[PDB]
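The structure follows.
Presenting chain A:
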Amino acid sequence: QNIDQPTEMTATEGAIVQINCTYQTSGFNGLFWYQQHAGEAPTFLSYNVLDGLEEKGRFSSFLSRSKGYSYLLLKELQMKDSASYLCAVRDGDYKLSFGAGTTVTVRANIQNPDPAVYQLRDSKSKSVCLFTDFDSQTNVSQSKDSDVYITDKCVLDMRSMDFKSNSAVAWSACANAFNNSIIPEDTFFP
Partner candidate 1 sequence: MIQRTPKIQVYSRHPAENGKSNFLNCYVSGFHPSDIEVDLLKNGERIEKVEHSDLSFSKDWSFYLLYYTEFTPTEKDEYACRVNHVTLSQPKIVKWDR
Partner candidate 2 sequence: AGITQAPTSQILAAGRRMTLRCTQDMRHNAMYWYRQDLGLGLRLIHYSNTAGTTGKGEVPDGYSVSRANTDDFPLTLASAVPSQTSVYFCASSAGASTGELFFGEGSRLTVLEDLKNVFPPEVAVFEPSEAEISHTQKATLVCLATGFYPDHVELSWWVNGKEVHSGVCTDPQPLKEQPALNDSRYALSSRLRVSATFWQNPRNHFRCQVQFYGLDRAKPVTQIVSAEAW
């Protein structure tokens, strides 16, 4: 009748994230964790019904029946761990209830940050502004003007070059595009 888990969690790659789930149900027949990637089906991760910690690769699932509490622990965080994590409880009447899900966002470890705002021209000309190569501690804020559109921060991975970078795109001049966001003082404006 009540399954609570945080809405969102953010941590850096290589680190740890513990996702808490508290439940209040009439009776208890087990607790499940599922992983759901954006636009994909949920997939089973773990089942706990006795007390204690169960380890499965980089993921651990803990249960305390007397506290009505579980956690899913994600160790040595990888970019591929960004997903929604759902806890679900099978109650005493065998009814399965899901929590709202926790979205986990993994921040890239940016080794050589080189923040800059670039102007990109249309291949069949229109332009867009690209804020890129900033460290993951930089937050990109939405624009005040309704006629100005700014995307969220995205991470791309250039696999063969073993290089990762953050970026946000803006469109409607590039000099004032990301003025509402706290951008570093060393940001390059060509």
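On how the list was made: all candidates are chains of the complex that A comes from, given by their letters.
Basically, a contact is a pair of C-beta atoms (placed from the backbone, for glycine too) under 8 Å apart; a residue touches a chain by one contact, two chains touch by 3 or more; residues count from 1.
Here chain A touches, in this complex, candidate 2 (chosen among 1 or 2).
If you check the complex, the residues on chain A that touch candidate 2 are 7, 29, 32, 34, 38-44, 47, 86, 90, 94, 96, 98-101, 114, 116, 118-124, 126-128, 130, 132-133, 146, 149, 151-152, 154-161, 165, 167, 169, 171, 188, 190.
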